[PDB]
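Quick setup: one chain, the form deposited in one PDB entry, written in structure tokens, and binding and motion questions come after.
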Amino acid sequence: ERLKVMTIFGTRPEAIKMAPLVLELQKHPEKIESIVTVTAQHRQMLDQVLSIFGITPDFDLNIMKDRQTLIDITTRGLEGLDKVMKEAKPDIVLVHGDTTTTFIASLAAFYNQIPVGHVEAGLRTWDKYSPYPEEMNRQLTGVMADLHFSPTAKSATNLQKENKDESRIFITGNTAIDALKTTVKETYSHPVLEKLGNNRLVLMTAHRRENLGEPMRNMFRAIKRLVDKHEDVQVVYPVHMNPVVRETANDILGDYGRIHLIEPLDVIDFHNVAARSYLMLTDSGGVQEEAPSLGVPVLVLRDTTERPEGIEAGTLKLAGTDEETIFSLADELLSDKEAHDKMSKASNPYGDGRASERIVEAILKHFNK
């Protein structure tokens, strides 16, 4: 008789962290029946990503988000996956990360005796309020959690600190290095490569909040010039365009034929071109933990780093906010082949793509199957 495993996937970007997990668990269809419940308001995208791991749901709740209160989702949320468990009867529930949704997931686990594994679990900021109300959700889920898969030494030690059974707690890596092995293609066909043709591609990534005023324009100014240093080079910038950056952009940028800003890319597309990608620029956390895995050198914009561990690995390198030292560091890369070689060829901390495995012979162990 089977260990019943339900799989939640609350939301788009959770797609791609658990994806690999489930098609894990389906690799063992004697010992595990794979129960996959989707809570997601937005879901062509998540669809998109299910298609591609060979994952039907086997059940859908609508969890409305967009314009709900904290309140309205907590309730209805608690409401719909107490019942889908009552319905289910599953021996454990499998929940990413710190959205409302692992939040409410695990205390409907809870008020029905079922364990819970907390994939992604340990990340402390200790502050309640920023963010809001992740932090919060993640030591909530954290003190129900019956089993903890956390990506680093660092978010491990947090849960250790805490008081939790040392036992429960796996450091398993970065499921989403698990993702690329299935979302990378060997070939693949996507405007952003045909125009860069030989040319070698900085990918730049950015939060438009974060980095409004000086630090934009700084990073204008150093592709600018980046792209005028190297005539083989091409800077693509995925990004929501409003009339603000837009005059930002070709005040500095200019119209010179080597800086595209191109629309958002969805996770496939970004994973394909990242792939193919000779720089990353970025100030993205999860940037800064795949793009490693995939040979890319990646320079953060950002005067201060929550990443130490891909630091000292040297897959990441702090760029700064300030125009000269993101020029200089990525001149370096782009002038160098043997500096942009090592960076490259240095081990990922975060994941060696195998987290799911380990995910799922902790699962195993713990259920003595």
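Rigid core: the largest C-alpha set superposing within 1.5 Å between the two forms. Numbering follows the first chain given and starts at 1. What changes on going to the form deposited in another entry:
Annotation: the position in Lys161, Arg217, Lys86, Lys128 displaced by at least 2 Å at CA between these two forms, with the core superposed, corresponds to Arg217. The Cα shift for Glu33 between these two forms, taken after rigid core superposition, is smaller than 2 angstroms. Superposition on the rigid core between these two forms places the CA atom of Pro238 2 Å or more away from its counterpart. After superposition on the rigid core, displacement of the C-alpha of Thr74 between these two forms stays below 2 Å.
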The other form holds:
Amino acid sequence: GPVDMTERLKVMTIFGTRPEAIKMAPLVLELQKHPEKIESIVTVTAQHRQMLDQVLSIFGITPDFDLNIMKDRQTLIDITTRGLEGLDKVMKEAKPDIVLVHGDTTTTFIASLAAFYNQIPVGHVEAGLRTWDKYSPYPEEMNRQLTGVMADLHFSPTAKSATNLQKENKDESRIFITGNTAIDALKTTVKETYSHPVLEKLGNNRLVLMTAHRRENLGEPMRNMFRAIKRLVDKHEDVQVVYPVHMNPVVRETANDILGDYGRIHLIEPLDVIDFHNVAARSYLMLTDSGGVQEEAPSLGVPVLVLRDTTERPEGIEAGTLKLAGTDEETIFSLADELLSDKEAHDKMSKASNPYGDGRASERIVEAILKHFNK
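Can you return the structure of this protein in the form deposited in another entry rather than the form deposited in one PDB entry?
All you get below is the one chain by itself.
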């Protein structure tokens, strides 16, 4: 009943961005369920500031350490050096027994590097996703490869991601298939009774929900996307597009330039994860280049056109929910037009399934970690 604090494994979770925070929040909550076995320490780089805080506030997570590294229009070098120097300091102070990193951000990479530089084991949550193209996604494909060679334990969401690691000669006895913790989060946010102003001003129109921020999509590719979206809106009078625009000033310039003040297109601030998941669940069609949206959509049964030349979510393609659209204006327009015009085409994409698991990934991760240390 009382908590004995005297014999605990120090587990440090490290992340710095909105998507990492959403996917790591369930894991933090799960670590906290084992207070006599685990001292759970949360460290954030704050590679993101506002969009990170948005997530921390929903889950009620106060970091033990916060490096506050974000700069305006920061470079990959800014994040790499500020993150590394700060994390090395945190690790020397707290001396964790294992560092847990997530996915494929630059934070993921330098968190892994800092752990290695202190000879601290690394557990890679969301391990083994691949496009095999180091310039798509850039720099995320490289971040998850780099992290891959540093990690001591690999928590693969799916059988294919496990296979990817096996094919790279990782230790088979260090690879575990858990499901994606995205689903752990999703099952607690979605809810039957829900309203939002976006959904108020819709009337009985069909909602197209969009997000766009991939680094390699900046500039020409996003302009192509946005012009296709205006043409869809021109053609389909009963559609409203809602775009919670990423905080990157570059994205915002392009968004404002092409879509600003256009009727039935609503550029809004980033939604918190409860609002976003619930609005997504109630959407007719999503247009996105987001990674997490690709894992969430199948469970919601909501068709998604992926606005990239690659994806590392092949399981959502196989589920029917996801379709790769590329970044060419005419091709995006054509594919989106067919889904908004042809109900049978839409029907093929709207069967709900759970290719990314049952929302119990976090339990499995904590178990694996304890067993690894014989704790």
